[PDB]
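Build the full structure now, drawing on both the sequences and the hints.
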Amino acid sequence: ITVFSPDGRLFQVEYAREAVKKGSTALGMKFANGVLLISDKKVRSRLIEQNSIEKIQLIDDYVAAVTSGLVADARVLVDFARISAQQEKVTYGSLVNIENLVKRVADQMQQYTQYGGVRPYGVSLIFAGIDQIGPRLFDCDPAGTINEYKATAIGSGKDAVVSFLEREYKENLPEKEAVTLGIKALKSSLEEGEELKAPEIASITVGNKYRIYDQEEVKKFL
Amino acid sequence: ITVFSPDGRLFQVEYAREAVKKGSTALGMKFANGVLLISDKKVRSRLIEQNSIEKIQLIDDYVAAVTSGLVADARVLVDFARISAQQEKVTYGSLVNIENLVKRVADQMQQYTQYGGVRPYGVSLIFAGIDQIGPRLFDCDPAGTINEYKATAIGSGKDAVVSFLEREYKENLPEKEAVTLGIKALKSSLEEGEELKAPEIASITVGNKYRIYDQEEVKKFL
Amino acid sequence: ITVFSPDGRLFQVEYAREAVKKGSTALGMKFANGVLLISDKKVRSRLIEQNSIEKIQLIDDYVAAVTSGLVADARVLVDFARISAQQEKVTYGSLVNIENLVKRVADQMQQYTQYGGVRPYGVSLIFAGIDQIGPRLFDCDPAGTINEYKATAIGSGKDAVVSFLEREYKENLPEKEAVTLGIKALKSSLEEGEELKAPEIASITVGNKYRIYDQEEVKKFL
Amino acid sequence: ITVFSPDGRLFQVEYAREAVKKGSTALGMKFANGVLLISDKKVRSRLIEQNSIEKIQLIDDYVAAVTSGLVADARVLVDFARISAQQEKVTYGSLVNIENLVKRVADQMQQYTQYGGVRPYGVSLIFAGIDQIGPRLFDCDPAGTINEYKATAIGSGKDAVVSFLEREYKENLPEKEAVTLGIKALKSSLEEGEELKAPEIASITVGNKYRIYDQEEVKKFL
Amino acid sequence: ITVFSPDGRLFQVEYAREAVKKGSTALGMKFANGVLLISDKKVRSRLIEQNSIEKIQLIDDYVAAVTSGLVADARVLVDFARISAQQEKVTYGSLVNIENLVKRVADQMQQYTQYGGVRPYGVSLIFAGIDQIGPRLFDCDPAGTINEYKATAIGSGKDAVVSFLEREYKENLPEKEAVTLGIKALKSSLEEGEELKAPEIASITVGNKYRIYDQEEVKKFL
Amino acid sequence: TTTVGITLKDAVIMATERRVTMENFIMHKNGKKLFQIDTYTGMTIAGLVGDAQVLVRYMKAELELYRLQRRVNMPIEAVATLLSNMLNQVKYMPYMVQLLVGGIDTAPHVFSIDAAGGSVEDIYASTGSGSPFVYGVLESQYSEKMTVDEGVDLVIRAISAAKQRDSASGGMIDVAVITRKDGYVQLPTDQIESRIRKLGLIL
Amino acid sequence: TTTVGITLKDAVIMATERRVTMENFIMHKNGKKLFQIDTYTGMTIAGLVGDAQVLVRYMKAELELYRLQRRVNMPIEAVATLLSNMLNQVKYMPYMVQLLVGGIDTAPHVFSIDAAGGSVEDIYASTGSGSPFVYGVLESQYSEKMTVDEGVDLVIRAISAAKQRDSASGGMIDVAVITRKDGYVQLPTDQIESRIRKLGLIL
Amino acid sequence: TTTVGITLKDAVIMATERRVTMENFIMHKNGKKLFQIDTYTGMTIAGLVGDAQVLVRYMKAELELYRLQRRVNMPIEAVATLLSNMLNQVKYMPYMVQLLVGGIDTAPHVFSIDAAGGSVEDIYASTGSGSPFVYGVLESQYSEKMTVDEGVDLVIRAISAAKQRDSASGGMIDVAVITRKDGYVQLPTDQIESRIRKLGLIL
Amino acid sequence: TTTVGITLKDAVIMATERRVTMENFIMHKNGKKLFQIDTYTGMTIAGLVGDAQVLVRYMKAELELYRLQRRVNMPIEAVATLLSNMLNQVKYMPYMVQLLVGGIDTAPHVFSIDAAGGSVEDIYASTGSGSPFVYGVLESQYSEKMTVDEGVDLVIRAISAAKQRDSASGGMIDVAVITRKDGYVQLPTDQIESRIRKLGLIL
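Protein chains in written order, with the deposited numbering: chain B, 12 to 233; chain A, 12 to 233; chain G, 12 to 233; chain C, 12 to 233; chain D, 12 to 233; chain N, 1 to 203; chain H, 1 to 203; chain I, 1 to 203; chain J, 1 to 203.
No wet-lab data here; the hints were simulated from the structure.
Hints may be right or wrong, so weigh each one.
Straight line, CA to CA, 16 angstroms or less: simulated EDC-like cross-link-like pairs of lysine to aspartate or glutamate [to be verified]:
| no. | chain 1 | residue 1 | chain 2 | residue 2 |
| --- | --- | --- | --- | --- |
| 1 | B | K53 | B | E65 |
| 2 | G | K181 | A | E60 |
| 3 | H | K60 | B | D72 |
So, in structure tokens, the structure goes:
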């Protein structure tokens, strides 16, 4: 699990990544003075309570995450991120750079790829928020590898969504236009004939706290 | 016990789930201001005591669980939920959101899928009760995966019962009509010519504490 | 040892059950205001101190156990049951419900099927006594699975003994009639023309302590 | 992972060195009263935020590192090095010889080739800075082997860059000419018809703190 | 790694010795009132600093060591030797018998051939200096085996150097003649026509501290 | 503080006042010092407030846990024994409390527990600074043959007497009656107030 | 220090002054002793500055975490229970503080918490060296039927009186009003000063 | 010891004297009590010399680590908060110090921190045995509208008055000015002496 | 005890006496209080003998280790920082000592380190019961322009004066001079006696 192959590969980590590819698609993008997240939900049965166990999880008022891959692994990691954010705020009085929070989470993941008696987390996360530097968007994978982005995606439709954004994405769009772009990007990832039900959507702009779009505001984009 | 396969699967957890498909069938469903649970059981012998029968366990006065799979594993997780519920009541003076209890139980199960030197719990659980949000119904599986439901089932008859409920379930039924619906649902999971003996039934409504339907009250629904 | 098979089985646990099957037959039954245990001695060699390494063991004055399977594992579990009874009595001043004691023993057995680094106990037990609820009878297997009974058996002759009790067992018998039915049941488990030589018998009724029958008292029943 | 082959090789360490060969190219060289570092960047797409996940990492004001191989493993060593630098400064008031810091990092890497239950770090590092002896340039590999250099390289283009420097390198160049030579050595390692996108550059001269060339400073070389 | 073969061999320890056979040749010899070390030095690139990471290492002012095999492992053993020499000096006020230092080092190596979850050190050391007994010369191998010598060698040229000294060595040579016998002996171990570049040389005589011969002063003996 | 508990034939009556002081400084006129901790079990608290509060939370939790596990209520003597073990285990860093435990199992029981885990059963008991005054009233006027309504009047009298003479006692009087028939029943204030008038008393 | 918390029909009003002393030495005329710790929850601090400030940081962090985890604000009583558990756990090595916790859940609440974790709910409470003077003003002038506006004037008076007679109190009076409709609102300094004038007071 | 920190429009000015005593015994006439701990951050130290010197090293180390990790300087309030957590965590075995922390982030700030971790922001502050004399001079002559040259003259006066009256203060006055335009700059000794003369003073 | 260290342009001179007492009881007339601890570094010791002897052994061992590891001598200020960290780490169970550390790196340095790890650089310093007397001689007679022979005479005067007035000081004066050209040189006794003879002194 912590073993190099002859070519220098960590096969357990690359298998952890296969688990991530099975999760549903989520994306984030920076726009003029803000950042947003959009999560696809395949919600299934009418017997489910849809009003809970959400894909977009607030880490605090200024930072949110969405995950893909093993659901239980993901929850434990989101818990870790919340607590770790709180420890930083207690220590310094605030959280100046979200990048340090993402590194602490990614360090926890890296460690489960290096020590024996433990498997990697089968998870990918996107973190989005505003710190003292500005709006931020990062991703993080089973290995603890991180990147900061203008736009990005995770889950089964990752590659479709990113192909679309490479062509279509422009910096500094208004919130409404960015949401539209995102909704469109997400649609591109679907099988044709396959329709897109109520995605989760959340955004934040400089000077404010996160808003989660209510079920009504999301429709106006579908 | 904690290894990814090339396709990102955790086979030990998938096998622990096979253990759950062998247990007796239980179900829960929300109704008008309330939630109930119904458990089947195969008592073989007449030499067995009925009434010490350990199925539908109260966690506290407002929360109950049924389980399926390995009965000894299940008993350990029900003790964990009981103690964990008490620790929350002592810390905050009450239990505001049953979902946090279910997460602690599920987090305990996830860890046994991640750390070596230990096997997963071969158990699924349903938790039902009332908190500040209202009536809740959750399930939880060997991986520590949880969902909130309108109605659900676990055990060997799971698939039939869910199919039935998917066609027959309606919200905001009166308790009487819900219990009746649950009994029909459970009966539909049986062998042909196989009679349903007395199941356990428990319900709770907003502003009350759990009631266990006694031996004779149950019989009225058969 | 702590591993699921693809069908969800714990083979080490199932193999520990095989060692239990090789042990001597014992049984217990509830009767009018009481409960008894009968244990087939199955001795050989006039060189052994008969009436020394007793199969029926007092846990306290109100609770006894009989075991089957590996004798050394069994001794360890009985010692654990004794210390665990005293701990409860020191804490609360008395032991209100024998089931909790049985659960503590069962939990210790369960742990040994879940954690690597140990094998299960190759032991089954019957616990019989009187608590604040009335006369009690439980059994407990290598998995830490437990049941409450009106009558039950463990060991090589279990199936015959249960089969026989399933026919002949009547509820609220006088002690002397209960003991006879028990000797009857135990005889039926022997191979053709095999001879039952002095079992251990112990009994207890509400308001008294246990009595172990001595050798002269058992012969009267043969 | 901590095991000798019949010829006395540590294959796990050699496999970790394979991972290092896939990393992006970087180099350092001492010049007149100074030392510099230049890193190539495998730039994903325009969606990647460039201000970010720098290849050149300052360890303190007088010391910097650049790494190649597993990016999460490298991040962990770079954190370790920063803290280890601060611990020396607290202990003695300053950091007299940079080689003791590189040895502390290399010791930590050496351990992960000797104790079981961990894998080696899949990382090589170049450290460059000024101490009491003067300008310093070391490298460090997955085994914890260290060398001091005049000029050196790591990553995929290592062998190309090194052969170029072996012909082209001259001691005591002025900074401008050291940088120009470095850019040349990097271009030498590129696939024909592939274009140098614009590296990271950083230099330090005696008496001074590190400078990180900005994008338009690097432009005058590309 | 800590296992016997049927003929009572420790193959991991035999394999660690294979690593040692690959290092550069070094030798030590006692002469009149003194002892010297000479080390073969594989220069091998003009981009390497010809100054640091020496083969001859001072343990304290009166004791030096030279090593062959895995360089990182060697560095860790030398650090251990240094700290261990200081511990003795603090405890007793000085270091009476250098052999005890060598034994503490050899013990730490022996331990890594006996306890699981670690591999041996792939290192041989020669120690030389002066103590109350006089000039000392010891070797130490992967097993922790030690021997005291008049002259000895380690590295790929060991057999030739030892051959040569076994023929030509003479007790009580003056320093210059000893150094000359030493150099010749090192010349004899090379491949025909391959030239001896600048070796490291250090010597110590009774009532003095070590001196390291400078580049120019070595050249004289070539 | 004044608390009292008395047993009658098939009943336990427990009562307190409500004053919370910091030395002479009356912080709260109306603190709570009487709790139900199980179906047929009450507890009164005296001594350091944070300690007593922590103990009431623990006992609520453990007796609920215990009842679920055993499927019967913890016997009153078992409750006193549990508290004994708890307070004795930290005797050198103690909960600075006096406790009364009262309830019905197969009979009525009142237990008095001290800060070192000493537990003694009695027919009646009183704690806090006002307890000597209550012991005066009780010695003089208690009878084992009293009915519940007489019992209730008796404790109102004892605590009113205590309030008159113990400046660390005051506020409305809290009464609970515990029976097998009706369980643990806290009396409503208007009903306590009404009795205070008919008896001829104050606060 | 002087701090005060009052409940009214659907409001909580909390206020402090701002003096920080070391013995008689006025080091800071203008420290902060009133904090919002959740959407409808405020806290005032008295006692050792370092300990109180550590508590304020914890509480802001824990109430934020709880809210994310539970998706509802911690009930006010739950905040007080939490603090009560935390302070009692370390009662022999205490946070040397008095705390008030006030806010709105389904009803207004003010809780007073001591250094042993004794927590008691009240209609009003006051802490710090200036609190006995506040208690005098409130005994005489407080009414459950006051409006927010008159409650605000009440606490300014009470704290004005404390400042006049307690040399460890002084500086600008800080006021916050907590309602369901407006959340936690700190009254601006110029509004408090306007009130001081209208009522005929100083500092 | 005497140290002082003042804020101005876009400036912080910090200053100390240099005397190190062991009771009455003047051991060192020129100790250092003012340090740059970050690009725009200074600290002054009073109290036990070993504790203070240990803290100066931690803080230089930690603020540099943080700036490398975050790519921006630790906000001044975050520095006071960090110190405040450190000192409180060991309050029963404390660093025996008073600290001033001063600098610019988006604005000038001076924070005073005590041995229990209490931290309060102020417009100006002073620590050490000489501080009450400084507070006299500051009350009388400080104005928020002062220029930097005036502020520097002000602190020389305040420290010169403290040295005249506090025998545990003495030696050369040390001054640093902190701005965004120029960072932390310690004034040269000859510049301070020149001002001492122009103002009509000594030592 | 009396010890002293002085800096001159390119030299450090350190010196001690040798009396070891147990109160008034002169146990040893000829103890050693001055030690070379590195090529260009000396240390003096005052205070508890066992403590100070343990520190000398650590310092000799650590500075030699550091030198082997770094291939340069530890800078004098680094030695003082090392010591300062060590003593402070154990300040509530202290080494009961006062230390002087002197040497030449790029410049001459004297540091004085106390039992809490407080370390201060100065041009000269003295420790032990005899130090006040020494400080009198140095204040009156020290000049930064002195030559080595003059500085040597000065410390002999200073220590001779301390010996006359401090009964816990006595025995032969020990002197060492540290320069880059010559390293640490312990002056021969015969040469010190000759200077005592020359200068006109006693003991």
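Taking the hints in turn, this is what the structure says about them:
For the hint linking B/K53 to B/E65, the alpha-carbon distance of about 11 angstroms falls within 16 angstroms, and the restraint holds. Restraint check: the Cα-Cα separation between G/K181 and A/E60 comes to about 14 angstroms, which is no more than 16 angstroms; the hinted pair holds. A distance of roughly 12 angstroms separates the Cα atoms of H/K60 and B/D72; the hinted pair therefore holds under the 16 angstroms criterion.
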